[PDB]
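Engineer: Residue-level listing of the chains:
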Amino acid sequence: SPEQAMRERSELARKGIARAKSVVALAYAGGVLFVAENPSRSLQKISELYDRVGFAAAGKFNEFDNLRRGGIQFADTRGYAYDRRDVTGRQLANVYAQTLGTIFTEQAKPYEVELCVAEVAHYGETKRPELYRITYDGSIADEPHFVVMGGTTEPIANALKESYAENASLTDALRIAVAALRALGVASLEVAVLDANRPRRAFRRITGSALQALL
Amino acid sequence: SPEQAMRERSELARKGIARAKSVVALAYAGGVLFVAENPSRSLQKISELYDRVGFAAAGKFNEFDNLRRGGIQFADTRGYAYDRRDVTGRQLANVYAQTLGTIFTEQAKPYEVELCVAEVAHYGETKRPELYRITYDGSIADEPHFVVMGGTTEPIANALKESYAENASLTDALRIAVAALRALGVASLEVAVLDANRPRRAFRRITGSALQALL
Amino acid sequence: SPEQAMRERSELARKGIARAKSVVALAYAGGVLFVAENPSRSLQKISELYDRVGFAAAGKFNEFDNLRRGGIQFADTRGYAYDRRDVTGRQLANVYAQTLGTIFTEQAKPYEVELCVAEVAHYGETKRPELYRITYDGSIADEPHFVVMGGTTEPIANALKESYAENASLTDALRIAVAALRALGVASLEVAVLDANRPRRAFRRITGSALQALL
Amino acid sequence: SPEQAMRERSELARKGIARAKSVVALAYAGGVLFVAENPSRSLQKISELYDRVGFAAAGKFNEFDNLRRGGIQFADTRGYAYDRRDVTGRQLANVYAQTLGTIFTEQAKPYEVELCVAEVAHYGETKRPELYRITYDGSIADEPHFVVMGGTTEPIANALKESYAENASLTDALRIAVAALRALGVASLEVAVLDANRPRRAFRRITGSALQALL
Amino acid sequence: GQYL
Amino acid sequence: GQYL
Amino acid sequence: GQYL
Amino acid sequence: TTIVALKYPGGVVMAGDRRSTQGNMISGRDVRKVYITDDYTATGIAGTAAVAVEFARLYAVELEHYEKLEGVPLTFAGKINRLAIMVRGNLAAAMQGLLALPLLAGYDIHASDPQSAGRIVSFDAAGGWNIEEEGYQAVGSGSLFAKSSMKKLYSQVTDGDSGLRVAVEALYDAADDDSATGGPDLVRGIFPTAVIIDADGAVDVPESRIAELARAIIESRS
Amino acid sequence: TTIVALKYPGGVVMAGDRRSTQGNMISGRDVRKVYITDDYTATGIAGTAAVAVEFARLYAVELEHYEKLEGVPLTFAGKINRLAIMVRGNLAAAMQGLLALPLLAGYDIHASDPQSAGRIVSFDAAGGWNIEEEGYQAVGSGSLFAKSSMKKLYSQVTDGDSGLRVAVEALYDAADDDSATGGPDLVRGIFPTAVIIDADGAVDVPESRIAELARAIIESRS
Amino acid sequence: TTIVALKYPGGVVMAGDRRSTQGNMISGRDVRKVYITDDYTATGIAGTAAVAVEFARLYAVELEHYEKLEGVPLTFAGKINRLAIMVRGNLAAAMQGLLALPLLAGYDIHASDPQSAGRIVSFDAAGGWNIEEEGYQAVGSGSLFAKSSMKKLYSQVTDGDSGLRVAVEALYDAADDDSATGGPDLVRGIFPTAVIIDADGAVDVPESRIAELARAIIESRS
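Residue numbers (the authors' numbering), protein chains in the order written: chain I, 8 to 190, 203 to 234; chain C, 8 to 190, 203 to 234; chain D, 8 to 190, 203 to 234; chain H, 8 to 190, 203 to 234; chain j, 171 to 174; chain i, 171 to 174; chain h, 171 to 174; chain R, 301 to 522; chain Q, 301 to 522; chain P, 301 to 522.
If you're looking for bench data, these hints aren't it; they were derived computationally from the structure.
Be a bit skeptical, because a hint or two may be false.
[To be verified] No farther apart than 30 Å at their CA atoms in a straight line, the calculated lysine-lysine pairs in the DSS-like style are these:
(1) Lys134/C to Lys368/R
(2) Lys116/I to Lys22/H
(3) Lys116/C to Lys368/Q
(4) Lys22/I to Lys116/H
(5) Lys368/P to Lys134/I
Using the sequences and the hints given, assemble the complete structure.
Structural biologist: So, in structure tokens, the structure goes:
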């Protein structure tokens, strides 16, 4: 039956989401921190979307990567038509959800992906970081503190639940995030920030020797 | 058989309508009042459609939201071609029903939505508020006093049946509507009015501190 | 089998026609009289088609309503190309039948509708009113005295068979039509005439206080 | 079931990959060395892709050959739009994987191919050779030392594991590669290099008498 | 529904 | 999911 | 393959 | 050609002459230039005869078409808009010489004061329109003489009949000073046509009334 | 035509005359050229009357449309951009003679200092725009006389009312030295129109205030 | 208009005046003609103001777009190419009068010698480009006077600051011999704008420094 088929599809999607590297995103004093478990040096699961909007994903690389590209596309055209400060994390979070739902209903296989869109305030302004999680069906959830995506999310989510502290510095939030992620080695870690203090482009990767010194 | 399939579709639609947040719309002295049970701060189930025409919905957000957009679209073009005072709540109520019926017959899944289109008189004129309810199949019903959509509609509809009073003020109609809706907390309430006293744009949200003071 | 399927389709259409409000149209001294049992104030089952051509229907509102629109469309364009006095009730009656038959054969569900097209003579001319009934399959029948559509047609058709009188005035034909229709209250009645005495546009609704006085 | 069908497809692809001539690619002092077991004199399994990017494949000739052509196509247009030094082995490796995955999902039969894209540094610059292996599904793997494609890969991969030496000269790497490939005769050998010392076009075939002298 |  |  |  | 329109307390009146020329040659002695487009609007059109009659016909069709679809006539504002859009559509052909300018008279049933529900609206070749508020308007080759006549005669307008007489006189002066506008032909008995709109709709003035008014004017001037 | 706009501490004021001509002929004595496109912006348009009224209408529609879709008005920058794109779109027709130039006054609610949140923006036929920073602007055939008047009178501007008087005077001098700009008609009682925008939105100045200011100026010059 | 650019040991400097005219009429006293298109390139554009600002904006967007997609900026060669293709695209409109010519200054991070990694590139209306190697370039109506000034003053350039002073002086002579180029306005305090690019990126010179250099030049000439 159709209902049975739908249930099977949901189970398949869940399985796909489960067998994947884990990513975390959490708010800290200077903005938002993305920490993903990533062995490759070329393939990335964290990306700039717009001036103050970042993006992390977990699942099947070609698909989440494809969404990455679609999201980049929409923001630039919108900004050109109206302006940079008009594109918000909210509008982008919304677009992905609608697209995902329609796509799943009309396509063959559902995207085994889990998305997190992050936004911080502009330069010289005060506002709390916003985290949204978009799931494979189109559901969207507003997160106040942190998002955990891919793999087994329960232990990481709980460890973060005990260790999280608002207004933690960059080093403390990095320790908390790596610790809860372990529930690792300097190599194979993809770390980036949405630094609210930057004048325009807030996204900034933290790689190599500096990262080693921090950890 | 086809008839059996149709019955199954109707049952599925009914189930979808049933598992949803409840919305009420009722006539009061200054126009029409929409009171919905809504936890999110970004996702809304009540909307301006045109100068004096408002809109509430219950079901699946992406779909009811999509109808919201389609309805907004039709009114602006029509007004530009003829004029603002030519778009009426009746014409809009009609368009949704026809579209829904055709769409259901030719599509895959029926829209698990329930719509309420509301209209008040213009500035400096006397006329009774009109409420229409459009159901998932295309059926449209003319309501004299109040519409209840989504979830379990019986207890709310009965509580309103006992508490309703024509020409109740804004505060009384708010108390009646929240009380019958309970059959709650200051947070997660979406409240808006079609204030007949406004010069042009009648729709007006009632949020925050003012709402708290009222309640 | 295909024949069995066709029989099933016919039965379904018959059932759809049966569960509907009844309409009657009959000839009287001043033209033709439409009397329908209609509770709503916005949704109508009687309509002007052209200067001297009227239209009544019974079944599914969106479909019969849709035919109403198609019929209006054809007449205006034809008149503009040739002239107003060239559009006749006969040509219109014919178009609906052909369209219905083709549509039923190529579509999914047959239109659960029953149509009556009426025509009277022009100003300052003598000619008998013409009534045509078009059924869901495309069949068309020429009626000399009255047409009954929708619901249980036998008792109404027989009561009219006993009460009908050619050249009955407007009030007598209204009494006969309401009486045979009962086989009601002032409210929820849709009454219109094709008054042969009007100079151009013959269709004219009879609503409210005047109707109450007449009845 | 669909899952069962997918498993069958994977098995079929594996069988196709297994019954084929073996190719090896390994890093040596002057760049990268391709050594394939190829009897024909016209049909080739090693090819120039761009100035410093080479390509080897194993499977079904018409398909791997077709990818060869597609890859050649993309690089030239990209270079013309931006520049020669902008096309990298990484971008090309990526394109094939995405194309393969999409193609497999929408086509009838999966490409029974295994690809290796190789890149060396430009003239007068220091950088380690990069080897990527792209499999039939779209998977891509970053290899530090050598890639083995087609046929039975275990014995060749192990023999290379014991014999490999970084910064081996051209003759030593040729002996190691032919030896591990045997796990042959001067005839039916396709040998080419990505010589990092060439000014622009790095790919260079080693055929005939010179090859015989070397071996 | 809404028969007419 | 996320019915509303 | 290459799940991530 | 010349078509005048003037409001009077409680209504509007609209009159037009009958001549149609080709150069210096008088080609039509009985053209009707003022149509009753609907129960509350009359439309006069000056300019190319073809484009004129076509405009009038098509506009009447469109008003009545929307009325049949929606079950209620457009407001006077919507009517003004549709007429304006038609006029704007003929602009390309008007530059090529096929220019047609409409003057629209209507009686707004929805206006607040019945005594001033009369409405006169004028258009240019580019579709822009203007709601006249000094009480009268005219269009055509004789329009300037007609307006300069009504400016002086307009204090005499007090009802439907006096307003009608003022209309006929304005036409008489247009024709008196311009050769493309025909005056009352006493020999053949052809007089201007007139339409009166008030609370009860639009009716054509029967010819006899216009004949008497014209004879009164002509005897007054002798 | 002439439309002036000037900032005053705490707000912006925008006034426009009432005449509309065809060649040497005065055709409209009461046109309104300054619209309230939204709660914080007013728009004046000089040039072809059709293109002008159309621009104003369509721009208001677009501002409000985006506002209804996104739940928040555009920033003043976005508004400037959309108006500019419309103007750039009319360029082909402006070379053919249908030129329309807008002057946009707004009150930025998001600006840092409320006393200088006023905004004046001017456009050319090619869609380029410029944010005026010397305190005033004007457009139309009388614009040069109006600007040269405001340059001298502008030190008198200290609040909403003095700024309004300076606006009316600048218009008076425009009309005094150019014939296409109408001055205050004391006979018919038709005065320039004015819009004031401050922290509380945009309101039309009621006619009486403009009447008194105009009479004060006229008596001052006698 | 006039925009000069000159290399100095270790970097590049690019300065532009502030006037914008329509015929003989001075219309803008504070236009900014030199943009920072990215962390290592600044772009000046002479010519039609609309086309100029649009070029600058769109080019900056494209550079940054490819940077976001590929994770690495284009080489200086690719940037040169894209700018050239844009310029070639505007050729049809440049023949119609909407001509815009860009002068591109950049600091190549990949060059071998840091002391000569500065780069100046000039374009014609047909999209062809040329890498300047005599140390300086200019564009606009005053370009010839500016170049003939820098030819003599260029032996004085030894660092970032001396190079800046030479730039400002070249602008002063352009303005001194051409009326379409504005000089330092001491009355209103409006000075040329300048951008400096070196190993650490591109920064705008703060106005005070340009003010002091301009006052030094002006006192030197008295």
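Engineer: All the hints need checking, so say for each whether the structure fits it.
Structural biologist: Right, here's what the structure says about each hint:
With a C-alpha separation of about 24 Å, the suggested pair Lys134/C and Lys368/R falls inside the 30 Å cut-off, and the hint holds. For the proposed pair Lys116/I and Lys22/H, the alpha carbon gap of about 25 Å is at most 30 Å, so the pair holds. Restraint check for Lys116/C and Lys368/Q: the C-alpha separation of about 29 Å stays at or below 30 Å, so the hint holds. For the proposed pair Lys22/I and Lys116/H, the alpha carbon gap of about 26 Å is at most 30 Å, so the pair holds.
Taking the CA atoms of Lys368/P and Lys134/I, the gap is about 26 Å. The hint holds against a cut of 30 Å.
When each numbered hint is compared with the structure, no violation occurs for any of them.
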